[PDB]
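Following the hints, complete the assembly by docking chain B onto the known chain A.
Given next are the chains, with one letter for each unit.
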Amino acid sequence: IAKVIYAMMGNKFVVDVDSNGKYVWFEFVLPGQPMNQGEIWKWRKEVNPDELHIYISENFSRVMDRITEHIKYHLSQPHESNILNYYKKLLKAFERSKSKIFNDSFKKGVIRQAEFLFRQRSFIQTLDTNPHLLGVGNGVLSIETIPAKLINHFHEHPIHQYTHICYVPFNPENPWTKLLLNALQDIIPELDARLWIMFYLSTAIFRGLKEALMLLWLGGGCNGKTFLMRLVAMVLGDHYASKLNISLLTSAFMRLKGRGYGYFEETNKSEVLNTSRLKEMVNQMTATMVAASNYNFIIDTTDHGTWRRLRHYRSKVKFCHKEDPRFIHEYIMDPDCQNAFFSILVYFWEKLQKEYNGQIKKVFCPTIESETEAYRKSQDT
Amino acid sequence: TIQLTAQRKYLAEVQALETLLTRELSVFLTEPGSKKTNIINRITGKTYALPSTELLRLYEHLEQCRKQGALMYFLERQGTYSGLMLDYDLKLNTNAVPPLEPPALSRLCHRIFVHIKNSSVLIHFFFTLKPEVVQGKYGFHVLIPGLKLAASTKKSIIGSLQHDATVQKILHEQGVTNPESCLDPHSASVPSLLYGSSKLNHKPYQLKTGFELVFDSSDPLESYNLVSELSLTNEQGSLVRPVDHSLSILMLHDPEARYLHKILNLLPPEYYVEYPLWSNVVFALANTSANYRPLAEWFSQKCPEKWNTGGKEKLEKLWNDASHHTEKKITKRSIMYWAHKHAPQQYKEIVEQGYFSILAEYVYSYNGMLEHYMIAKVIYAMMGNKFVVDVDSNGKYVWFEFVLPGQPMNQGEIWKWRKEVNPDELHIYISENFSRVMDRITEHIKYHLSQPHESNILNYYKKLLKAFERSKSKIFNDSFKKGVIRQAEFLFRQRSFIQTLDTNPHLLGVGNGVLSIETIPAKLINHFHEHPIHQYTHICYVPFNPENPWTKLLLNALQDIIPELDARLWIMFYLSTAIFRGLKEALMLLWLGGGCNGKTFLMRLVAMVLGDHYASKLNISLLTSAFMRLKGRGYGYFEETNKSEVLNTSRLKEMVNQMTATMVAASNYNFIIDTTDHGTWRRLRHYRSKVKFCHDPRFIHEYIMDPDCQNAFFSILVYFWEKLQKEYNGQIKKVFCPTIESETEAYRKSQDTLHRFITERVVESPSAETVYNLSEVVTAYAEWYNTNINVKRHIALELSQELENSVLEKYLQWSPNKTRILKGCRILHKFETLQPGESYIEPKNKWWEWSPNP
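Chain order of the listed sequences is A and B. Taken in order, the first sequence gives residues 465 to 845; the numbers are from the working numbering. Taken in order, the second sequence gives residues 355 to 1208; the numbers are from the working numbering.
Bear in mind the hints are in silico, worked out from the structure with no lab data behind them. Certain hints may be false.
Pairs of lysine-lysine, PhoX-like flavour, derived with a Cα cap of 20 Å [said to hold, decoys possible]:
| hint | chain 1 | residue 1 | chain 2 | residue 2 |
| --- | --- | --- | --- | --- |
| 1 | A | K556 | B | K363 |
| 2 | B | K1087 | B | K1077 |
| 3 | B | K1172 | A | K782 |
Okay, chain A solo, but in the shape it has when bound:
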């Protein structure tokens, strides 16, 4: 039974032993089945193979019926009597074997056999290895080459982690696209520095080895920089973005590994660091680190190894009642804005990869460099 079920439907199930020594099942999500938003065209974990547990009950029944009609078809043909008696005994035994396809304990034995058949060695640790693949709501997108291809069909690619946000073909004329363009233009009065920081946050999507840089952003409130942080965190999702506390840096450290973007929040005015902690931060690590607060940070180090991995910016414009409450309330949780934002960021990833091939250091940011130099002069006596 296990071999037959393997040959029939081994195309959407894989078995691998977990870190604790337990076999773990996975199913390849396909359209037309009960399924949560965003898991389409992806591998999802199940405690028990219930889909298999109903497939064996139903689909195999038609094959067994085919066997039965084949047997009675040979019965209909005139044959030698002894072979006919053989056939009656055969069909009687097979009829006795009918019910075991329904018995629960037999099904448990069958799924055990399938676990020992469907098992694919070296599978769990290979999950989500390539940072060129990101799971989106409408399928799977690949940033391997320009242009990017959004897989909306079955793939050998094994994808578990994903973001609810579904990818959208980048479109300049979309109302939300121009809305976000204007929002970003008003957010950053500068142009070239805006391009640099925008390209940097676009490259922040890359889950692989980054260039190990740190960005410090200031804000006096009612500026939306916290809104940008929340927007990017929501769009990217929990599996690749996680919140980080100032307590860790001023001293959960294992949480930040495996992500692609980290962020902080404004906390009072007594911010202070620990040199060693950032020392292993500026030193594996494959995520993007950005901190935001309301007051200038206090540095107590002089080594260039620390300094060269640090960048700083200060916000100049403030918005008051002009601030948009819908930005912080409606557009903060409006899917269209997020989608449009996702298309914007992936398009700018593609643009930089065409231009700089991912070498962000080549981009010239005179304002950012001047601000960093001034900040170092203020801090590094």
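Below, chain B without anything else, positioned relative to chain A:
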């Protein structure tokens, strides 16, 4: 239906037809809309255009099948060539058999002979009749398939026989009261049926005798393949010689849609005549599947008057809209609920018949080899409308059932979902209710035993009875029940169900049912619904009512507690907001009182009214420093204690920046606040209880436990919630409460030294510019602090940074370089004076229902 299953298990031979259709006859596919087809079966709407080989093969197969018995529903259409086959809808006056005497047969043969002479000419006669005993008496069908003259001459002969009178008087010989109109005008223009193929709900016909004769161009039975001979297309016979559709294909499939078609005709007429019910039903149909668009247009055919007059267009609009819409909170369960509400009886027999059919098909499929999976399927069909299975966060299957009136149940869980470790309700339903269904099965078995049949058939039936009698006792086995409930976990498993529980922020579980505030006015649900709600409070909902003595007592208590009208209304609306489990405006209220004034009475009253699941108490240690317990709750509060209470601005900023719970604070002495954060201050409000109560003492103990007081209180709260929804629908800040604002400003000035200093010594200048806004301002603040608060060395440049990070943004206009340098402000020195341009920087009926004017 199930009788066909009983007959296929009956017949040892009959498998030949099915295997021929699947293997040899399958490749000869024919378009259903094409006229080239020669044979069609109305059982599953299959159309075939086979050549004569498999035609005669299936004819003879059906011959042995008829010899054994069975029932077939085959049909065939006449082409450009065919014989003489006629239908007679011969409805006699009386149900007494007028036997067709052979002289009458000869007379009718001679009459049809002389009718056919005056046409194209160059003959075996076949006679069949109904088995009688039916309204309308029997019918006659003469078949003459020898010739091939299917043309307008057939229509001419039909017209001639329509006006023929010799056949009329011949019928009058057997006492027939209907000489004409018995023959259908479409006798030769519509497909016919093979002899032996019965019509719906009738026995197949029988042959009385078979005669034959010969025609001259000059001078005017158990030994043949009768089915093959009678065929109109079989020119090679031995004895004789050759002289929209989407709705249909849906009802050709989808047993669930078959039951939907069964039940929709039982719906009351009001559903399709009005927009609301029509929209809801089409939404449910679309949500269940997109394959049900043909059934949706069938409902348009169930309301043709609208459908043709733009109702079709509205149907495609709603189908597009349905596609646009998602996760709608409606399923088929609503449709069954409505059907049972309107026509409970027909509902009951229909569902019983369906369950009987499922059980019978399963027992016939495996010779009574009942198994866990089939039992679980039957149970899911039967009682699957009040049970759900889902996997928890720890990887465990957890059941939930829907509480109904007339069950052993605690106070407040009515019309709600409750959690059980085991399916005891299911574990007893399987023991009791399933017995009735299997009894129906077994009595049907005895019924079949009573019918006389072939001996080996009776032996098979007896063996099946013995096997099923052995199998039936297993239902009362704990291991078998465990297997059944496992398979029921697999079937009932509804993913995403758990996190959808309590997710709706617009529903509350009350003692007497479900309360919904979504629309104005709120609606009380005390019946079946699709909402998966599990959390609840024991307080039973009441409609609002001023005349209740408890209601007016509470109104007077609130009036005395806060003599101010507008301030009391604002605080009361703020309290009403706590019932909303969704997002809040992130505001803080500070309340003070010396005791013996009932503020603790208000706190305990609201705490008791809301209940544990939606409201909770919170300690002061967390504030001065377990916090994550706020989630899910909608209201939080503390207890008065001590006099030196202090708050952590870090904890405050954490709590005021997910989180959806309203917060209230109260004590007797002044709270120590040591912050200048404008974002903190703008979200803070302060109040102090004014009225003093001294010698209702019974408020302390009696009124707490009185259901009426709490109920009436809850009704007041919901009524005032919808009242607030009437004008500002959530925007609480639009309400004007000058007393509360004044108290909050005074307390902030008491706590925030910098804010008070800015209010007094800093004045905005309508003209000129604040070019003096530099560190000199910080020095002036330091001098003021030394001369009025404390002589100390102030911080260096932190004060300016806090000044920018304060309320002063429009007041502190940043320079074109974004470096402080405010504009239009002036500094007040010692004994300074400012010019005028400078600005600092109803008898309880209204209590029952106020007015927009403050």
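Results of checking the hints against the structure:
no. : hint                   : in the structure
1   : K556(A) with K363(B)   : holds (15 Å)
2   : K1087(B) with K1077(B) : holds (15 Å)
3   : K1172(B) with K782(A)  : holds (10 Å)
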